[PDB]
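To start, the structure under review is shown below, and the notes come after it.
With one protein chain held back, the other chains of the complex are shown just where they sit.
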Amino acid sequence: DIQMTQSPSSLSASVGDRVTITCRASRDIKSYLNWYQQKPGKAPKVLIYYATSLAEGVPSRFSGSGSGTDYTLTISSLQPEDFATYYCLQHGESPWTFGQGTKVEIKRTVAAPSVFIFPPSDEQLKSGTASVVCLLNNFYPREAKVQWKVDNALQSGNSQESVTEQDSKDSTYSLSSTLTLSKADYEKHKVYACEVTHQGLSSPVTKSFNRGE
Amino acid sequence: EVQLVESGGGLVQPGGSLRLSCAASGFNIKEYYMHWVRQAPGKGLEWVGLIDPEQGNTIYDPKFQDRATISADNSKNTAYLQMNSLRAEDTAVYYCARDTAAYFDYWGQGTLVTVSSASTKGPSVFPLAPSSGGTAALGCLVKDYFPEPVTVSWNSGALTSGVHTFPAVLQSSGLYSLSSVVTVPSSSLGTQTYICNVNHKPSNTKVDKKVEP
Partner (left out) sequence: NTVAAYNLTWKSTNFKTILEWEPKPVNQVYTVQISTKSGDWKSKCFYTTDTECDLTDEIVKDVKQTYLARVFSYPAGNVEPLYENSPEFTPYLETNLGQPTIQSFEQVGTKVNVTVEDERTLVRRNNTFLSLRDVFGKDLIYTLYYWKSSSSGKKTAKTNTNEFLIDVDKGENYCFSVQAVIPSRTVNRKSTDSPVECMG
């Protein structure tokens, strides 16, 4: 088949920067090369078709160029909502072949997280488990450390966290960490806390609650 | 109004077959070429094949030629995809796409196929109660379900700004857990009602949980 090599695999650029993504085919594809944009959890959306044509409704900052084996997608002035993974597609002959994609990350100023802590619900406690949740909201860059503490003791091995993809409007991230304990263990301690360390914070921030209070 | 709706997603045992359908409305599929495109978790787009409903011609990527069948029923205006002898690498979101011969102009929402020997399990939904500063956070914890995915909306979709629904985490138990939160003015607590609408299709679970301080 015709191999499509897309470069780079990822890039980081600031709002307003010019961005260039390229795709090279192993042989002449006669301009049957399209560019699609895919945002988190959505189907891909056409941007450019037949190498250089802008699809209806697509912002003019997106453009395509190229012919033969070499193609380029350009974003003249990057906007926050352009955070996405971009893919080229060869469709002039079967099998149709997608490039491996280029993830575009948005660089922005530091933003400290806002921290919240939630106790397990009484309903869940009726079962034999307690989930304590800590939220780090709208921060940047992504690097962040969550340290759980139970009666001031450092926890390890009993938590899991997940992070959202960059926000399409402010380019920040949010993170959720869940500490899981059996109800028996939960009831043996009073103070539950999550200590957060991030570049935007002069010193670590701790949010906590006392079981029962 | 054009629409592509896929169904048939969910659990498939290793060695089993996925059998999906793509119901089209607002146009006749015989006027276009209908394609299947898949995407493994965190990976790139992969072309599977196309069917021309004008005469039933089907083209398969060589990787799927001997293990898949794409078909179409003009009277039901529906296209189908069956893939056999599934392995872990076949776990992916499968999309149906309408091809105009210049580009894909419409896509289905995508349906996840999870290749696994485990059984389905519905989630329990617990509130993440607001503590009550200037901004307050609240949410819902959707715990212990399998397989993915789960969808969450707030106030039947009316409330979307400030909402962060996190990527699920696979627990040691083999079940997923996910949290969804939203930040709102503290002065709205007790005045504005907040309800998270949770849906887990594999277990036919639909829950609306009111979150109060």
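Labels A and B are assigned to the chains in the order they are written; within every chain, residues are numbered from 1.
To be clear about the criterion, contacts are C-beta pairs under 8 Å (C-beta built on N, C-alpha and C of every residue); 3 or more make two chains touch, one makes a residue touch a chain.
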Identified contact with the non-displayed chain, of B:13, B:65, B:74 or B:192: B:65
Contacting the left-out chain in the complete assembly, out of B:13, B:74 or B:100: B:100
Contact partner of the left-out chain, one of B:54, B:73, B:208 or B:212: B:54
Omitted-chain contact residue, chosen from A:70, A:93 or A:123: A:93
Touching residues (missing chain, whole complex) on chain A: 30, 32, 91-94
Chain B, residues in touch with the chain not shown (by the definition above): 27, 31-33, 50, 52, 54-55, 57-60, 65, 100-102
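Here, only the chains that are shown with their structure count from here on.
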In the complex with chain B, residue positions of chain A that touch it: 1, 34, 36, 38, 43-46, 49-50, 53, 55, 87, 89, 94-101, 114, 116-121, 123-124, 127, 131, 133, 135, 137, 160-164, 174, 176, 178, 180, 209
In the complex, chain B residues that touch chain A: 35, 37, 44-47, 50, 59-62, 95, 97, 102-105, 107-110, 124, 126-129, 131, 135, 137, 139, 141, 143, 164-169, 171, 177-179, 181, 183
